[PDB]
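Q: Spelled out from the first residue to the last, the chains are:
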Amino acid sequence: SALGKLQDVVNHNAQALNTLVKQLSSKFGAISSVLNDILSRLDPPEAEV
Amino acid sequence: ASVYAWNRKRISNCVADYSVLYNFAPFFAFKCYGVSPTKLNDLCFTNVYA
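Taken in sequence, the protein lines are chains A and B.
Number 45 in the working numbering belongs to position 45 of the first sequence; there are no gaps in the numbering.
Count along the second sequence from 1, add 100, and you get the number used in the working numbering.
One thing to keep in mind: the hints can contain errors.
[Said to hold, decoys possible] A short, non-exhaustive set of chain A residues, derived as facing chain B with CB atoms under 8 Å:
1. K5
2. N11
3. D43
[As the list claims (entries may be wrong)] Pairwise CB distance ranges, derived in the manner of DEER restraints:
4. B/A125 to A/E48: 29 to 37 Å
5. B/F124 to A/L24: 48 to 56 Å
6. B/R108 to A/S26: 30 to 38 Å
7. A/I38 to B/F127: 21 to 29 Å
8. B/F127 to A/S26: 36 to 44 Å
9. B/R108 to A/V10: 28 to 36 Å
10. B/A105 to A/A47: 54 to 62 Å
11. B/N141 to A/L20: 16 to 24 Å
12. B/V120 to A/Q15: 31 to 39 Å
13. B/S112 to A/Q7: 52 to 60 Å
14. B/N147 to A/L24: 42 to 50 Å
15. A/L39 to B/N123: 34 to 42 Å
16. B/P126 to A/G29: 35 to 43 Å
17. A/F28 to B/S112: 16 to 24 Å
Please keep in mind that the hints were generated in silico from the structure rather than gathered at the bench.
Yeah, the Cβ is synthetic: ideal placement off N, Cα and C, and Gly gets one too.
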């Protein structure tokens, strides 16, 4: 582990991106996470909220 | 004939003709929650507990 620092930089960036992409699955309270479904099975007034 | 011990039916592996259902004349009233009716006719599902 002589090159700990450079390796650390790389890992930090990779991990940040990973969490950012992973967070798309969260629902945040909406009935579902994917946009297409919301726009499919709901009227515009309620799909808006 | 009675609400008590009412009937549950499982629907599957068939064409659920929502175009006739909640469309035909004798139908008095119908309303959906979570999904709109026409889009309901367009959607497809795993199974139905009626």
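Q: Now tell me, hint by hint, if it's right for this structure.
A: Status of the hints after comparison with the structure:
1. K5: Since chain B brings no Cβ nearer than about 52 Å to A/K5, farther than 8 Å, the hint is violated.
2. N11: Given a least distance of 41 Å, the restraint on A/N11 is violated.
3. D43: A/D43 check passes; min Cβ-Cβ to chain B is 5 Å, inside 8 Å.
4. B/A125 to A/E48: 29 to 37 Å: holds (34 Å)
5. B/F124 to A/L24: 48 to 56 Å: violated (42 Å)
6. B/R108 to A/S26: 30 to 38 Å: holds (34 Å)
7. A/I38 to B/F127: 21 to 29 Å: 28 Å Cβ-Cβ, so the 21 to 29 Å window holds.
8. B/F127 to A/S26: 36 to 44 Å: Because 40 Å falls inside the window, the suggested range holds.
9. B/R108 to A/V10: 28 to 36 Å: About 57 Å separates the Cβ atoms of B/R108 and A/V10, which means 28 to 36 Å is violated.
10. B/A105 to A/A47: 54 to 62 Å: Because 38 Å falls outside the window, the suggested range is violated.
11. B/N141 to A/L20: 16 to 24 Å: Roughly 38 Å apart at Cβ, these two residues miss the hinted range, so it is violated.
12. B/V120 to A/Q15: 31 to 39 Å: About 54 Å separates the Cβ atoms of B/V120 and A/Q15, which means 31 to 39 Å is violated.
13. B/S112 to A/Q7: 52 to 60 Å: Taking Cβ atoms as reference, B/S112 and A/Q7 lie about 54 Å apart, which means the hint holds.
14. B/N147 to A/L24: 42 to 50 Å: Because 29 Å falls outside the window, the suggested range is violated.
15. A/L39 to B/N123: 34 to 42 Å: violated (23 Å)
16. B/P126 to A/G29: 35 to 43 Å: holds (40 Å)
17. A/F28 to B/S112: 16 to 24 Å: violated (33 Å)
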